[PDB]
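2 protein chains.
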Amino acid sequence: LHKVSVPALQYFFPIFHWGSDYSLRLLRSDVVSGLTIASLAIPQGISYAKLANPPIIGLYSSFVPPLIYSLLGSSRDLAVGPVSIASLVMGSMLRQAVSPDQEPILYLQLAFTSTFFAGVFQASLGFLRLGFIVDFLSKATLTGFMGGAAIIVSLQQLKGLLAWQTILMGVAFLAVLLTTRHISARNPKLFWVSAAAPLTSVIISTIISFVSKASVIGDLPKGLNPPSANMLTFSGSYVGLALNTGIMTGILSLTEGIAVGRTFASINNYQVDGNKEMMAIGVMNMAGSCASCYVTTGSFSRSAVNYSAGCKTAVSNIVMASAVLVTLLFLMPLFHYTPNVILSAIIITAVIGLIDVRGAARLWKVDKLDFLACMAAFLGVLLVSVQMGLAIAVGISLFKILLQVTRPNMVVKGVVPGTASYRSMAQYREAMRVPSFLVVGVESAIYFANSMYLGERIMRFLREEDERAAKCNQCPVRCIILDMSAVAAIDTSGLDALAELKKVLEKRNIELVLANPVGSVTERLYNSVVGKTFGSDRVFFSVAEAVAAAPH
Amino acid sequence: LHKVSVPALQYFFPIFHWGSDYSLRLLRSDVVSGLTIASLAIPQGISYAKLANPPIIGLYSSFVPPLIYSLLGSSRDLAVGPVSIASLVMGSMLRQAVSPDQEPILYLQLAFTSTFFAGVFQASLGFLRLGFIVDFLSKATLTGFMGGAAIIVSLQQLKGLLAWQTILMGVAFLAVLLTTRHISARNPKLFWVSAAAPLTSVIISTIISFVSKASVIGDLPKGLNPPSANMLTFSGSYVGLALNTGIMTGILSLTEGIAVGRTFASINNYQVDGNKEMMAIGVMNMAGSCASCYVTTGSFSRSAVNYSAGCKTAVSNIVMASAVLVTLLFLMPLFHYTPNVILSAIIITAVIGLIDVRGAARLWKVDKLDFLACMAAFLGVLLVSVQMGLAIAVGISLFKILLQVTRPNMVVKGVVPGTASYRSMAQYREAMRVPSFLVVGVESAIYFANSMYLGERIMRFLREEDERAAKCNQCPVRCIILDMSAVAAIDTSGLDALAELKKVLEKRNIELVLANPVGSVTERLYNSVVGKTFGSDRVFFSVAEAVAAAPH
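For the protein sequence lines, the chains are B and A, in the order given. Letter by letter, the first sequence follows residues 49 to 55, 93 to 138, 140 to 248, 274 to 325, 329 to 666 of the authors' numbering. Letter by letter, the second sequence follows residues 49 to 55, 93 to 138, 140 to 248, 274 to 325, 329 to 666 of the authors' numbering.
Only true hints are included.
Stretch-level coverage of chain A by chain B, calculated; a stretch enters the list once three of its residues show a Cβ under 8 Å from a Cβ in chain B:
1. 220-233
2. 367-377
3. 513-522
4. 538-544
Distance condition first, Cα-Cα at most 16 Å in a straight line; then the derived EDC-like pairs of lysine to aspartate or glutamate:
5. A:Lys51 with A:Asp651
6. B:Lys514 with B:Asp481
7. A:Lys51 with B:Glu544
8. A:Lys51 with A:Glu637
9. B:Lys479 with A:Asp610
10. B:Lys616 with B:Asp651
11. B:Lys479 with A:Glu637
12. A:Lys479 with B:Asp610
13. B:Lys51 with A:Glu544
14. B:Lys617 with B:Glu570
15. A:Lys479 with B:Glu637
Listed next, with one range per pair, are the computed distances between beta-carbon atoms:
16. B:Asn389 with A:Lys585: 23 to 31 Å
17. A:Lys51 with B:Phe213: 45 to 53 Å
18. A:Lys51 with B:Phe414: 38 to 46 Å
19. A:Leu496 with B:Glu570: 31 to 39 Å
20. B:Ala343 with A:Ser550: 56 to 64 Å
21. B:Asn587 with A:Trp303: 41 to 49 Å
22. A:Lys245 with B:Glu189: 48 to 56 Å
23. A:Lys51 with B:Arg472: 29 to 37 Å
24. A:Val322 with B:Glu570: 47 to 55 Å
25. B:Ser240 with A:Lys585: 58 to 66 Å
26. B:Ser329 with A:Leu214: 48 to 56 Å
27. B:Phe213 with A:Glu544: 39 to 47 Å
28. B:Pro590 with A:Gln385: 14 to 22 Å
To be clear, the hints were calculated from the coordinates, so they are not data collected in a lab. Even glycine gets a Cβ: it sits at the ideal position worked out from N, Cα and C.
Kindly generate the complete structure, drawing on both the sequences and the hints.
Encoded structure:
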């Protein structure tokens, strides 16, 4: 038998850590990325600024929030700026109380007060180490949401329509934007045809608007960021609208640049701090909200072209905000004859690409609580508002976690012949039961949610095999072993029901035995008063050493 | 190596099942119980009817709801009638919109419409098999609630006070009601001094109100149940008050008679159906709400005197409702000189007994999320209303379940010397690591909540022991084994991150191996397209057969 043993300019500003080893060979590589990601910020930061209902606010949002993150950030391949989902939800939740055609100085004061409050929601969630709650946003919630929101904005934008040289132009240069996605989904080296097809859609349609001169978006104001917080309306009537939009774009614009600092960390093996990562983007917003920026966070699309044309570190986040230092000042009069429809298919390719219909139905034949969540975020945004299509699909994604912790699986086990290892009897048809014993595996953690369910379930198996004992004249159950290998945690109410089970099973001379615990259980089983009534003679190394010791 | 194998008058009316074997020796025993439980329904059904703010409504509620449950119920020692907690919450949530001294025909129409809607909430939660959600009500939530509600009713009842023969009488006959609880908490055979001290408080103080004749409660209306639903106001202004009271007393009056049909089932080994058990009490109410009954469910106190004076089955639930058939008709003129204070210490003993201060602080030194839940139900009922003292303490009791599924414990393991069993290295200081391997145990289920956390945590241990490999010139990690013994479940998003981990670990020649799965994982690992990329050469019987097979 074996004994069950029991067990400041570099903290705040992390550019100084990795900045002391930047080479020229790296600087050969973090410029051809940031020539192309500052070729996808110029037609897809003015395009999803249109989707939020002015087009230069998406370019102010590609200069200072990339520069702030390069000082405070903890990834090196996360590339920043605006995104596509947060802009659409910004453009829907604000269109249905104000209108940018009617109150354009009060539509600019609401995509700023939301951004500042999408700044403190992302900063002071990661400052108080509370950034695990961005993981509750499942992949099936966001398939339902992004796709149940890409219809009710397709109605609100098609109420603003109610020409032959426009609609025959905006489908052919959408075809340079969807066939370059058909051919970039096949080969993961043909990103380069899609890495500038947002730019060669604009530039080739610039000259056809320059030789056929005259609904163009025109002369945009040359200059730096306007110093806002003179357009931050903290004290007014539209604050709840600019707080609900800043909560709702403070989660949709967090789970895209938290979950891209994780999917580009395991590829390259650098630990991204998560909560210190969340502190950065909440200073990308609330300290960028005063500089004509709206809600920014790292993109899913303009990161997988940063690490597809070989980025090496986060100075390609400065080649972002230094080759945008150029274009806000010099090529703005070239933008005077750049049309509106050419950047509206750039919205459209991030609408049809938002309705992932295959993944919307693939999760029907493999699960049916990650399918109810899709069709509760689908019909929760179509029928109820945007805030309740997310609240009831997170809420039934959190339910299938609770529906397995309540009512878990308790198997009956038995020794697999030829070895001293006790597996279940649902699997392993050949597994034999020991006559004087009963092995029962609790396959979840023992909480208040299921402490009273194990007692009513162990004594169903124990009742099952005291009436089956008389059928073959066998020895009945004289030791029930709890294979606690699968029990992850135990609380005070789960540890109590293990002591109210021992003294019920003592009154039938059954001798309940725990076997094979884990860490954070044995330090609760040997440091509480509900544990020294178990002690060392009922907590074993494995089942095979509990059967061998034979507690009787 | 071993192969990982993969796997109508008796349905509705259950008195006919156990009714065919009732003996006279049982009928000797289910009458001395039901002489005493119909001696605790008469002074504690009129007493907690006062706590809900007429005293005969608690006696109508001890005749027909015990009779309906004896037909539809699935326990035999659960004894029914009103309770103490649901009455207090009924008397608080209705006092703060109407007043029974001012609108007594509209206070009787609101402790009925609530009961009917505490009838369909308990019936049509167990009819749709949804009765696991009564387990979310933790024992620490109810310590905070019952005790954070027994103050704000102690203020509302002490606004109705603002004599020498009353207050000198109501403390001495509270002392016959608290010292009989001091002596019944010590010896669990001295229930009999407390089994009639609620009745010998009333009957001995009857004659001292009969020789000192004259705030007495007096002549109560003799007769059967009045046939209500002429006092059910489905269509009015006070329906939301009588729906919030029927939701809130449809959970507090469910977790007392679900959780007593479970704690009196494991003692006696009879399987109580739970959802069919929940169907009964929701017909004890919504089909009893038309017969002058308020919200009834099995008691914690009048069940542990039913099974302390030897009950045998649920005809002691008819000796309840046939020895109450007597007393509603014959001893009612004896009740004419029965005082009000004698049944108000019967309220008081279920107030000081509600403030379990020891258990309110015992869960501080053993846990601190089952202590935050007490002091969020404490200050959630004192400051916010009754419905939010429960909503925010269930909500942070459900949080510690989610705070362990998000961010679980991943241990590093290693072979315990002398045996082929791989335990962790937090416990078992003597445990040795195999040189060419790395064993990592995932101690929770793999959900969307934590699929991206294992990848960022396995590659912290893998990074930990490739820099520690060069310190002692050892062989580095060439096989990472996932001891999946503790992984209870896996979803579609947790199974995907195990395939996005295999092909990252393939690109370093590391060969991720799952080992020792459970049921409801191997039927997902061998019946999905994310499983045949694993197959049979990466899903092993145990770790000791994965180390022995050596996948390289």
